[PDB]
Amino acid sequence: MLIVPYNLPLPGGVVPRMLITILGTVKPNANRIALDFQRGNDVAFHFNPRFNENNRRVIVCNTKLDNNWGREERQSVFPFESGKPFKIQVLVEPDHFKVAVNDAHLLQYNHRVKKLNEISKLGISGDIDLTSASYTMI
């Protein structure tokens, strides 16, 4: 019920205890999903499930500064399935983003961009139907 790519403003940036919830369904022949938390043109946190990287499924996380990507962090645990509904929750903690998928902890990504109050947009793109995207404080 939302068009993709979708831009979710995060007014005044992110803060610890902010919880972002994304609901949708992975398309049948998906290749990728991406969440991009942006500070202007920089990408503070790129979360990128890849369904076919050399015939493996992997999640890649990274940061883009001044148009250059940094050191990737990869993990092999892959909770997504083509064609099925998902829930992603991103909880902002003091020293990392914490990601849970379908109510199970997936990964943490330590803050490389330290001006959290300038991370003011979340872009959501890739091979999904997007149902809802929202945030709250816990």
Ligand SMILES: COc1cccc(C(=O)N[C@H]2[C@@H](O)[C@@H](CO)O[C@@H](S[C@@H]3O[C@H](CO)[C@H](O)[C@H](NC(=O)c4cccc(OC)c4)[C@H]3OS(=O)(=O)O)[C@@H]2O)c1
Contents of the next structure:
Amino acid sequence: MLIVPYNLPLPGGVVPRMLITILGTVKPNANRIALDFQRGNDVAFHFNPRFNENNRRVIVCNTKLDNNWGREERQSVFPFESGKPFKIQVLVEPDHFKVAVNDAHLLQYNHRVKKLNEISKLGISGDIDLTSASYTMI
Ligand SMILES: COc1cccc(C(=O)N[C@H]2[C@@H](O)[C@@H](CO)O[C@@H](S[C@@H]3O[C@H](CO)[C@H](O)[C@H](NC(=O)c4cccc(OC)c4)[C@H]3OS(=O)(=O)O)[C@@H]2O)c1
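Go ahead and give the structure of the form deposited with the named molecule bound, now that the form deposited without the named molecule is out.
Every chain and every other molecule in the complex is listed next, the one we just looked at coming first.
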């Protein structure tokens, strides 16, 4: 049990083989979830499940540079459900973030921010009860 929004420091940034695990439960009638891997004010990787975007469920991924959002990468597959416990795993690979939800591969997101060792915070926010947030090296 953690306060949301939650800031998880990533000491010395991220690196290939680093696995980030987020456990929580989606609130009833959730509207959004967000993971924000930050390089200072920039958002290297924004992972944003939207539960009701024009009555559709979509996950939006993007990068924010100098306060400007870039080109979104949208995904049809939506493994989250209001009310239900989830696990998000984000594995840093040399050329993308690889995301699995509930042990099923979901998406990958190519590195736009290439100073991986400066991506030194993860913000976790949105309509969840957050159980734990941690990392390990595989
Ligand atoms: C609907 O179908 C498609 C298909 C392909 C592309 C888009 C498009 O780029 N959509 C964009 C575009 O309309 C853009 C124009 O300003 O706005 C975004 S919304 C924006 O998308 C960002 C990612 O690209 C990011 O998710 C923004 N959210 C925030 O920055 C943010 C931060 C903290 C709290 C928070 O609460 C909602 C929001 C979020 O801003 S918010 O006002 O709705 O909260 C939208 O997805 C749409």
